[PDB]
Structure formats: structure tokens, C-alpha cells
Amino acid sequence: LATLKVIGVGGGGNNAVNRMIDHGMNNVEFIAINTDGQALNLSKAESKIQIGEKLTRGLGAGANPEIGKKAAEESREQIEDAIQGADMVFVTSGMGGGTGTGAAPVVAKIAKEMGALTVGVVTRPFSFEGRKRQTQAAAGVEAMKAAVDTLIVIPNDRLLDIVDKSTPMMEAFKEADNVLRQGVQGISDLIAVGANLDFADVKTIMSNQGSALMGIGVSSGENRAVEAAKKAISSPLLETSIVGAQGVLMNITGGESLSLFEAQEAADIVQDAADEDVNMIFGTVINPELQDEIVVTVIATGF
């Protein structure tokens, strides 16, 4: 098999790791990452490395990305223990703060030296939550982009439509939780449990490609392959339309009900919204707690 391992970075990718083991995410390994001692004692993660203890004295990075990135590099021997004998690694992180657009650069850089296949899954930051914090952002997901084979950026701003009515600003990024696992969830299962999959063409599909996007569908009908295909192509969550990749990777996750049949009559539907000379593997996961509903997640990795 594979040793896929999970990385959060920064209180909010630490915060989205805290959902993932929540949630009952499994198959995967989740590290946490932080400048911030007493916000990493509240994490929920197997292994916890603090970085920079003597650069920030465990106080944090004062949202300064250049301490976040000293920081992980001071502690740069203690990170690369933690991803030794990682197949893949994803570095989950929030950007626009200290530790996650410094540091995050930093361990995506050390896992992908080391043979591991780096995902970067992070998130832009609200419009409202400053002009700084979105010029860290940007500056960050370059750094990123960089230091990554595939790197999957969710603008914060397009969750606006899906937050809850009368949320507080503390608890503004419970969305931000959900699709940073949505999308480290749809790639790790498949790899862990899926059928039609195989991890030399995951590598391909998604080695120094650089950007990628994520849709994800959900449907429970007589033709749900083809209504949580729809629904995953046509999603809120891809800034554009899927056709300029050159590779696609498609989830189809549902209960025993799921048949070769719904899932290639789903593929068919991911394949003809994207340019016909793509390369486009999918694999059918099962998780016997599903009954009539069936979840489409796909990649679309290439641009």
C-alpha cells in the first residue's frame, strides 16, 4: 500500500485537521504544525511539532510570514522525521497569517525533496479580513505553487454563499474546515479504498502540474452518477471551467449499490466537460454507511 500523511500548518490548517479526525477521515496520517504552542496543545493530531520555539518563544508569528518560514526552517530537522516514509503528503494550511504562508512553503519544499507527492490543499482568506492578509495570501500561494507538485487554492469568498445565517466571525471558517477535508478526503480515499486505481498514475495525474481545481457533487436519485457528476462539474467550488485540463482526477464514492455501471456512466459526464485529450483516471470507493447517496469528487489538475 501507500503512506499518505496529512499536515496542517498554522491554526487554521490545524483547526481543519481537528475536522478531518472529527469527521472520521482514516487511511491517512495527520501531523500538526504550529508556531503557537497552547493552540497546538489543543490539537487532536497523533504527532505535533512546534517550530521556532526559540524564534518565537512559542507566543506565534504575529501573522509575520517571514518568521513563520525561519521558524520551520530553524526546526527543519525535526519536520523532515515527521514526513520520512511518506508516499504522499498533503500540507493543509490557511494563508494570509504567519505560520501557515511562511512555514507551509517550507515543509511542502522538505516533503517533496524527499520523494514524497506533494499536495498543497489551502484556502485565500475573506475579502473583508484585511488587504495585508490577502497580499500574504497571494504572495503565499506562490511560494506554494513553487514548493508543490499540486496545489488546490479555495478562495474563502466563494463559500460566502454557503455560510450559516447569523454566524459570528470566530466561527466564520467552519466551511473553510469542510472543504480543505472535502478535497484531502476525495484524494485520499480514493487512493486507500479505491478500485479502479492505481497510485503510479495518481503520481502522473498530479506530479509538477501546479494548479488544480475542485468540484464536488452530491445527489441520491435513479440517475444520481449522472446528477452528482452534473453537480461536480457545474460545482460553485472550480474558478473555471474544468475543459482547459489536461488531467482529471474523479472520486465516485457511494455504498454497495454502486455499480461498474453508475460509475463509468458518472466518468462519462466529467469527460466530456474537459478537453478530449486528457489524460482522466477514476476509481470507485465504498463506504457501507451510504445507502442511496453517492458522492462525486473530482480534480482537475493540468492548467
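Numbering follows the first chain given and starts at 1. Here the rigid core means the biggest group of C-alpha atoms that line up within 1.5 Å when the two forms are laid on top of each other. Compared with the form deposited in another entry:
No residue in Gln209, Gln182, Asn156, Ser75 other than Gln182 shows a CA shift of 2 angstroms or more between the two forms after fitting the rigid core. In a rigid-core overlay of the protein, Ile233 has its C-alpha displaced by at least 2 Å between the two forms.
Put the two forms on the same core and the Cα of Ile21 is off by less than 2 Å between the two forms. Annotation: Cα of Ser219 displaced by at least 2 Å between the two forms, core superposition.
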Second form
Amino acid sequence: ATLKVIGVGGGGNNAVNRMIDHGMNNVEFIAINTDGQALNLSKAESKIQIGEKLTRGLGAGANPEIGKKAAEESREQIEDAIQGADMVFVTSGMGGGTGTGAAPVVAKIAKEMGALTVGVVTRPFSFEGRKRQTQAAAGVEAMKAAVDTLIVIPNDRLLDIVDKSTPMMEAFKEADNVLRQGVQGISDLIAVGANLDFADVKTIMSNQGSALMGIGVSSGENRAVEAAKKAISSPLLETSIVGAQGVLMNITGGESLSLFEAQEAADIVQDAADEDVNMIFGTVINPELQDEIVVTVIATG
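I've shown you the form deposited in one PDB entry. Could you give me the structure of the form deposited in another entry?
FYI, this one's just the chain on its own, none of its partners or other molecules.
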């Protein structure tokens, strides 16, 4: 199962850059932008400049019409970069011209090509003003129409987890962890073996609206509950787990992994989930983990 991560627009490229720098592997990174200079600064293995004839290598100047038109004209390049992917993550900051306009097009192409398509986008800080926000909301609507599952990160949530002195790059790295947990969560679920596979992923995620993808790690007596609570919690997400209609859940531990622990973790997630939840639950024994427990949760709907 091949995973690709596609960053669209300035924010998208920045996320790709920060994540490649902090060493993601066995994932293909693709950078797409109208802005030629941005692309030159990209560490991404595969780069696509869109809308050359529109912008002459400039950005979209906050015009979403441009980003959309640029993406549509480069359909052939975009398809070619995508082909072979089983699952695609399109990441982008909403509110500008390139991301807002081109990211839904990129996402729609991937979904039409048959890839399981996940969007991870940001809404701008309130201080960026009412017009940026409104424009971003249009982006979010378009993304939601184009993806299998969408994950929205309001940039304002970053303000809630920093103090007066927290460096901006650290804050942005926190936001990157949202996409990171999603990507390694899948990669592990598909890795041999959890008695779970990509077919399970597709059942839980295909056409499911919104998604949460989390990983919790813990130890000690309350380890199972603690790991699970970590996995289903993030203050950066617009979407809580309550009412989920689909859950893919895996618990990994050493030989000490008890049946009661698995039940405890599963009950944590099950309480939050809707009565008619489609839950696919897996367990993996990995002696390497010693006293550690790892809980992975993908929730949708």
C-alpha cells in the first residue's frame, strides 16, 4: 500500500518541508505550488509548478480563482504524480489563493483516480481578519466535497497550547503532528500484521466526512486507558470523537498485554462512539515494547 503526502500552497509546502526535515520515510512527498520560488526552497522529492501561464511563477495573490484555474490546467501533471497511490494526504492552509483553490482540485483528482483521499487543512488565525476566514471557509467546503475524510485544524487552537514565549516553529510543529499521527497510524495498521489491513481502512474511511487519527503511548497500571485517552484527544482538532460512526482501533503491547486492558481501552472509545458504531478492533503482540502499550485510533463519521 503506497502513501503519498501532497502539500499545496505556501502552508502546504512549509508543512512538507518541516516534516521531511524531521524525517518521515517510506512516504512519497509531493510539493505543488503556483509560487516558483517556494518550490525551489522545497525539500520535496517531487515538485509540481501549476498555473505558470497564469502567474508567471508568482503566487496566486490571495485569489482562489487563480489557484483553482492553475490546478485544472495542470491536471495531467497532477494525475501523473499521483498514479500508483493507494492513499493520498492533501495538506494545505486555507485562506490564500493557491491552497484554497487548488487543494480541492488536487484532492478531487486523487479520489476520482481511486485513491483513498484524506484532507488535512488549516483555518487562519482570527487576527488574519474576517475576509481571510470567510475565504478559508469556502476552501473547507470545497475540500469536504472532494475528499473521503477531512481533518480541519483551526490555527487559533495553536494559541491555546503555547505560552507567551513558545517559538512559532514549535507551535507549527505541533500542528504538523496531526498529519504525522495520521500517516504513521495508517502505515503501522497496514504493516504486517495486525489482523487488520487496508481493506479495513477503506471500510472505515471511504466517504465518511470527518476523521480523527490518533496514537497514544503509555505505561504503568492504568496504561491501556491512558494510551487510549491520549489517542482520541487532540486540542487542535475541530472534530471531537463523540458520535463516531466508524472506528478502526489497534492495541499493541508486549507479552504482558492482558485481555482486560484491551477491553478497558476499547470501552473508552466505545462510550464516545454512536450506538450503531462500525468498530473494527485489532491486537498485536510485539515483545519489543516491553512494558509499553500503544493504542491507535481512527474514528470517522
